[PDB]
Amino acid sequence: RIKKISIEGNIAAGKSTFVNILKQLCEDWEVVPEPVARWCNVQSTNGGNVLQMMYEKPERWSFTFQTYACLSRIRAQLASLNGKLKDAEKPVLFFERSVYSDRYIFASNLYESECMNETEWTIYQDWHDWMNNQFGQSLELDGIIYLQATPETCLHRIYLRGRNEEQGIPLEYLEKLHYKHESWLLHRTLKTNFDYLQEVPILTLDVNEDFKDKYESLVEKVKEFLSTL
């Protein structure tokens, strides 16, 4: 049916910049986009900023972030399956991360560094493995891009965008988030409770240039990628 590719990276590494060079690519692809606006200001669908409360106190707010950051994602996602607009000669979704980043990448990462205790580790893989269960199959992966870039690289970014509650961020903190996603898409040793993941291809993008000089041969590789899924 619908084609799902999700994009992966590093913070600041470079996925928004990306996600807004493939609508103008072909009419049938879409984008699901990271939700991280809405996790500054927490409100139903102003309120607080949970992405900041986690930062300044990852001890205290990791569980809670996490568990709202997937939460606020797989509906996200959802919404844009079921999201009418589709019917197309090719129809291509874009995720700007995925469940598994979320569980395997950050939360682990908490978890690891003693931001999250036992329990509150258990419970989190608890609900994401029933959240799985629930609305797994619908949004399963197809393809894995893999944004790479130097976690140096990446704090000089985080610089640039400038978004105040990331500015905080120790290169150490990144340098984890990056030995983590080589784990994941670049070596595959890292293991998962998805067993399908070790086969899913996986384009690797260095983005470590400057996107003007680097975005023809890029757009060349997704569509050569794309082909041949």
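Residue numbers count along the first chain shown, from 1. Note that the rigid core is defined as the largest set of C-alphas that superpose within 1.5 Å between two forms. What changes on going to the form deposited in another entry:
Superposing the two forms on their core leaves just one of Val200, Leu171, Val36, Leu186 with a Cα displacement of at least 2 Å between the two forms, namely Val36. With a cut-off of 2 Å and the rigid core superposed, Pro91 has a Cα displacement that falls short of the cut-off between the two forms.
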Given for the second form:
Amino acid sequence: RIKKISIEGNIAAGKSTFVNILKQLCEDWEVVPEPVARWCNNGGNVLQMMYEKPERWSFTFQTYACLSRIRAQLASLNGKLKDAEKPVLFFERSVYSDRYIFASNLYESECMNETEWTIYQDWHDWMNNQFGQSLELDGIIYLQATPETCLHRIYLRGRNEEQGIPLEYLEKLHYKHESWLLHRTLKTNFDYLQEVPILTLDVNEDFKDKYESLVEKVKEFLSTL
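Okay, that's the form deposited in one PDB entry, but what's the structure of the form deposited in another entry?
Keep in mind that what follows is only the chain, not its partners or any molecules around it.
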């Protein structure tokens, strides 16, 4: 049985960096990269459209992202990794953050209307009632950084289309992560996530001085599942 762990965090919190550290350690540990992570630079063409007109493309973008996520995560469960006896699969984000952080935020910002938002939820619920068992998480790693840490890391990473991201937006996604993963006050449609263990890592400092302590904490955490 492959342990499934998602890595969660705000934009440019350091998910990729963290995944880069994790994917280096051993045979038994493998990462499932995030669709929207890959797009960022054919279908992933929805990204360019989102850059121009988010009110137009949000529903299409989130729908495609989540379906891409679901297939890649399902795909990945079928190694040639199904062994041996402590295989771990790391998910870059999850179907939950897709919905309760991102799609959710896009509706609150009026980039999806009531109808788009109802359809998306209807669609999301169904999908996960059809594959929830397969993709159920054994753990969540929360990469905790401040909105300002994230704003600065957006700047450093250099994507020209990301340079207009306001801090208020990062603050919103921050509240939602805190609310879901630290305070566990955000209620979802998936009651098994109320039990799911959560490792919260402060990633505000430079990863280069920290990645060792970080891995140490992850192993510690994995062994307790």
